[PDB]
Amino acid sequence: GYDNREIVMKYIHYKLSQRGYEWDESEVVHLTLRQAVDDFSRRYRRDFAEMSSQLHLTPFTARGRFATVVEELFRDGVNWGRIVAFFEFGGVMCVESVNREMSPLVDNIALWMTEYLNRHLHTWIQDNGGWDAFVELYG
């Protein structure tokens, strides 16, 4: 079986590696997330750009910026497309944190993503076929 913390960390680890940064099953789910983000990058690029816009990051504003974006994303409900977008957003925040010399924020972002998944997303995933439902389509 999977671990939500493992999934978040593999995804962030991958997105940092893409941009040339070294940091530090759940694997199949992480690979599924990469496939789904790639897919959405070819079709929902404006929506991804609009979420990542207004990312002005400082260590004392990082959490509030994360919370505002993710709370707007899920305020009127959860679907699989919003879960994909949540991963894309957290990844972008992690690479922007490294680009702007705020590399201590990467593990905080991984923690906020892990807590948010577990407290606000996990029951929806479980009620709607588990990670398997998602892996079945994009795996």
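Residue numbers count along the first chain shown, from 1. We call the rigid core whatever largest set of C-alpha positions still superposes within 1.5 Å between the two forms. First, how it differs from the form deposited in another entry.
- Core-aligned CA deviation for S103 between these two forms: less than 2 Å.
- Shown in the overlay between these two forms, fitted on the rigid core, is a CA shift at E71 smaller than 2 Å.
- The rigid-core alignment places the CA of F48 2 Å or more apart between these two forms.
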The other form holds:
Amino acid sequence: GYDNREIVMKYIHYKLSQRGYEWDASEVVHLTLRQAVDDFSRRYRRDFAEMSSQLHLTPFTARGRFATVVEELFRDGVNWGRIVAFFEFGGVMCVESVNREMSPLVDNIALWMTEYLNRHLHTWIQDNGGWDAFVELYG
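Okay, that is the form deposited in one PDB entry; can I get the form deposited in another entry now?
Keep in mind that what follows is only the chain, not its partners or any molecules around it.
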């Protein structure tokens, strides 16, 4: 297995530097994932900007917002596209957190992403060849 916590941390750190923010916290996998999420981001750019504006992120709504969106995303199953959208969505929440002067939310979202990966996505990811199979498919 690849360490999903490390995959979350590297991706979130990457996304925040894309916005000019600097967040203190296998390389082929990290690069392939960031490329797929970037592609997805650019493909649906206007949609994600509109989502951002409706997020209404506060410390009291963030946890439930993350959980409800992610449970809907995977409601009837998992595939690699939904895994990419999951990283995109978590990244959008982290960006909104720093943009709204709630940068401590970033650390919480990263943990919620890591926890969802390990609690709900690990079996599917492993059953389907692990992150190496993602690299082979998106490469």
